[PDB]
Structure formats: C-alpha cells, structure tokens
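Here you get one chain, nothing else, as structure tokens; it is the form deposited in one PDB entry.
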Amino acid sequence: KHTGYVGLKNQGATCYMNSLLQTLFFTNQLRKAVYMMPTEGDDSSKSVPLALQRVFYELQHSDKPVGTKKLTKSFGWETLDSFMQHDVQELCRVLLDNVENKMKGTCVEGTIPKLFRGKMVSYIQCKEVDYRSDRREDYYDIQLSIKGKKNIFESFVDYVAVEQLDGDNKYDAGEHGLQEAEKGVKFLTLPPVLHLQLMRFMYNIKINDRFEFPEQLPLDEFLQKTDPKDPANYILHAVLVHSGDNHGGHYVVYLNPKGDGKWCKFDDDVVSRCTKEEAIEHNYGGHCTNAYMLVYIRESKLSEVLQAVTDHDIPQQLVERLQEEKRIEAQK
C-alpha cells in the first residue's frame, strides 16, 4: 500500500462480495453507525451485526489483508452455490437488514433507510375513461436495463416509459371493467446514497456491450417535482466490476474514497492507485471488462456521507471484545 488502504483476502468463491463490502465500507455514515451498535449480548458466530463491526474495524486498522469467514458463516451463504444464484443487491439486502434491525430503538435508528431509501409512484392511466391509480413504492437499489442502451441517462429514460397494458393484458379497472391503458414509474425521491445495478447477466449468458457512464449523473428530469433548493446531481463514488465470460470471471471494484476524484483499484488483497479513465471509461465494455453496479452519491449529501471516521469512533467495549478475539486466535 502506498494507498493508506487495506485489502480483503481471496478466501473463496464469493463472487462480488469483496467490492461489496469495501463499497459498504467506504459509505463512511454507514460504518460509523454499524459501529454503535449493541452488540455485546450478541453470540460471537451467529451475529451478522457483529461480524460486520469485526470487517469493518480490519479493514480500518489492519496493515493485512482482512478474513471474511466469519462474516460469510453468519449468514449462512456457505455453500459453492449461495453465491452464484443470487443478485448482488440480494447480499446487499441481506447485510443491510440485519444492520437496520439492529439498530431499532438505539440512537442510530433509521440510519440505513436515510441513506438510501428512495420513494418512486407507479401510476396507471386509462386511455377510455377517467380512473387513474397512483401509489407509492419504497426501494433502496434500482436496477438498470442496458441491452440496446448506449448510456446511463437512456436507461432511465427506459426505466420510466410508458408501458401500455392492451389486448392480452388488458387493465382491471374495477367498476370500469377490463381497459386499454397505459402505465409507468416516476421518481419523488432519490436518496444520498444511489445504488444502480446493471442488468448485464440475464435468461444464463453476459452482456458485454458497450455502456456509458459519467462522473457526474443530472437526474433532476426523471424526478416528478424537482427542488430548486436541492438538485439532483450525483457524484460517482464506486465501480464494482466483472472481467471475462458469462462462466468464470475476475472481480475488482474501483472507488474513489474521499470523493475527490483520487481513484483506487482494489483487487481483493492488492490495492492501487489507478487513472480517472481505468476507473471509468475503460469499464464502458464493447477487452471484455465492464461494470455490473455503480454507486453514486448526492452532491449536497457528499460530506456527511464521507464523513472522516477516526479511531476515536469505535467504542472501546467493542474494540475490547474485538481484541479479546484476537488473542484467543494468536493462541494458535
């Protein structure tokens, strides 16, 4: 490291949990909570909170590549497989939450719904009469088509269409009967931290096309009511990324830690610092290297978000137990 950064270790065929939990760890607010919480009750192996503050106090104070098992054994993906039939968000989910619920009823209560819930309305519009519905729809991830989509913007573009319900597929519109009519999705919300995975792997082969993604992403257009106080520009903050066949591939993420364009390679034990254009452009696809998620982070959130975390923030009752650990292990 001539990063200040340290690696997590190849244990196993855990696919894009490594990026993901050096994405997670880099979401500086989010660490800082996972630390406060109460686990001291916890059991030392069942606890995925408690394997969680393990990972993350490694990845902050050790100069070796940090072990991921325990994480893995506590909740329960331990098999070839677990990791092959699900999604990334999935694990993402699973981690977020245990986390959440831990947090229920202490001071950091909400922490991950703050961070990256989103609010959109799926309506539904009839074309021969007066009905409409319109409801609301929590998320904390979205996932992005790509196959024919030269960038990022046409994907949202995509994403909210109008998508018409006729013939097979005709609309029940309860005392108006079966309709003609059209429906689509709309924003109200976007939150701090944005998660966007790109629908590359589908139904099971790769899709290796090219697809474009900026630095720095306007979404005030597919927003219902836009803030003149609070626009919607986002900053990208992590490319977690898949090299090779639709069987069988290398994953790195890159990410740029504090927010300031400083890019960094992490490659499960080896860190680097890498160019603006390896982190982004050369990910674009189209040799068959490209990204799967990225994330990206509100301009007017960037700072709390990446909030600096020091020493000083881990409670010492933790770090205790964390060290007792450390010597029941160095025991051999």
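Rigid core here is just the name for the largest C-alpha set that superposes within 1.5 Å across the two forms. Residue numbers count along the first chain shown, from 1. First, how it differs from the form deposited in another entry.
Once the two forms are fitted on their rigid core, between these two forms the CA displacement reaches 2 Å or more only for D172 among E128, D172, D260, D230. After superposition on the rigid core, the Cα atom of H247 is displaced by 2 Å or more between these two forms.
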Contents of the next structure:
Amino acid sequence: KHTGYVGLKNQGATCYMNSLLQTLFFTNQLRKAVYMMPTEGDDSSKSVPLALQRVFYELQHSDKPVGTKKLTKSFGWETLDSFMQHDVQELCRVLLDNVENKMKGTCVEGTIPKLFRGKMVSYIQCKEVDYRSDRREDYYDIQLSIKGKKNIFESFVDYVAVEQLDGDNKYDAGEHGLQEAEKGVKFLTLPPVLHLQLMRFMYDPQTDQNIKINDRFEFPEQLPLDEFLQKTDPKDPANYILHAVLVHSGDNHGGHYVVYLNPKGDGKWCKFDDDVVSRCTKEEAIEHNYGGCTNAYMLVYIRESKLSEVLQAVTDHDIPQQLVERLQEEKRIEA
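What's the form deposited in another entry like, now that we've got the form deposited in one PDB entry?
All you get below is the one chain by itself.
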C-alpha cells in the first residue's frame, strides 16, 4: 500500500471485474453515495448493494488485498464463462442498477443518472417524402468503433456520421413505401463521468467471422467534445479529462486484465494489477496502451467542470456509523 491504494485479490475467473471495481471505487462521488445506501436489513451474501459497500469499505481501509467472493456470489457470475460472454458495460449496468434501485427514496436517489447518464437523439429522415422518425434515448456508456480510426476523435466523427439509406438499404417508410432516407445520431448531453468502450471485437461480413482488432488507437489525456453536441453551452464546454484505461493483454480465451488510474484527476497514475498497485508513468498509462497484444478496451473520462465534485475527498468519516458497525461485525465473523 505504498502508493496509498490497495489492490484486489487475483482476478482468476473474474476477468475485468477488478478493473471495473477500482474504476468505480475512485469515482469518489459514487463511492460516497454507495456508503449512504440503507442496507441495514439486507443479506450478507445475496445483496449486491451490501457486497459493493463491503468491497468499497475494504478498498478504503484494508492494507491487504481485498476479496470479491461475496460480490461475485451476490450477482451470480461465478464462472469464467459468465464473465467471458458479457462485456464490461453489462457488468457495470448490473452493479449500478442494483445500487440505483437501493438509493430510491433516499438522500442519494438519482446519483447514478447524475453521474453517468447522457441523452441522445436518433433520427431517420426521408429525403423525398415528409416523413421523419425521431427517438430520444438515454445512454449510460458509449461503444466507439475503432477499426480504421486513428483516434477517439475519428470514432466520435464516425458515431455521429449520417448514413444514406438507399439502393438495397431503402428505408421502409410505411404508407410511403420504400423511401430514400438518411439516419444519424446526435448527442444532446454528455455525462459528468463518460464511459467509453472501444469495439475491439466485431463481426466482419467479408470474412464471415468475429474479428479482434489489435490496431493502434490513440486517446488523449484531454478530450474536447463540444463538436459532437447538438447545442454547446459556453458556460460549460464538454472538455473531458482521462481518468481510467482498462486494458487486456493476450489470449482471447483468457489473458490478463489491468487498469490504469489517476484517481485524483491530476495526471499522477498508478497501474492496478490485482493485488499490486504501483506508480507508473503517464506514458505507460496512455501511449503504451494505444496498441499496434496489449489493448485498451475501456476509457473513463471525467468532465472538467465536474472534476472536483466527482473526485471529492472521501474520508473514513464519510461512511455511516451503522454501516461501519455492520461491516466490522461482518469482519469479526471472518475470524
């Protein structure tokens, strides 16, 4: 613990979970809200809220590597298969929807959407008939296409690019028949905490297989996103600071997962390799994970205007006495 930070017990079958837990743990405002959840009546093994409270508590207090057994147990993913068949954002939705449900009716209701939810609009516009379809969506995460793209900017460019629906890919416009159309996405808001997964896998139609992309893909320390909003705010530009880089090395049937974090948002990074946390260069965290067998697959950015609120200090006093008492008894039960 000479970095000041403690690790989690060896990933084993749990894959990218440890990576995500450190990422969520250092989303300080989330952690604080998780501690405020009223778990007093919950079961010590089947409540996900309580097991996440306990992991966060141990990450904050333990000098030894922290275990996740009760947490994996609590949501029912106890096999290499359960982790392998899902992606990291699905695990994140599992944890965060469990937590946001428990916060309903409390002083911390709305924490999850406050931090992580943004708003987009999808459209289809017919060019030759007066028909348009609009769909407003919430999103908690973005999946960016990387194949052929050099950087995050070009992925965003591609994400909001307008597609023509013509030829064989005519839009079915109902009573208007098959119609030539455009479709696009536009962002209306970007969240305080921006979760970007990079599409390191895709089905490719020419080869007829799901392909891994191991190409170089560059991501900045500072990400300006005003270009991609439908209306920018001059009082609050969408400027983003890189907080976390989740990385995989090696085999597509196992391999190894690590996360690089700069917890305070200050450009001083550590590598979290399960039980070993170590100081690292910025270059190790960022450039050396660009690729092109060691691939970044998830980036977390925090908005500059929200940085001090999201990464507010947490002290031991910020954990409710009820919960400390519970978790201390639940540690005495372990001896």
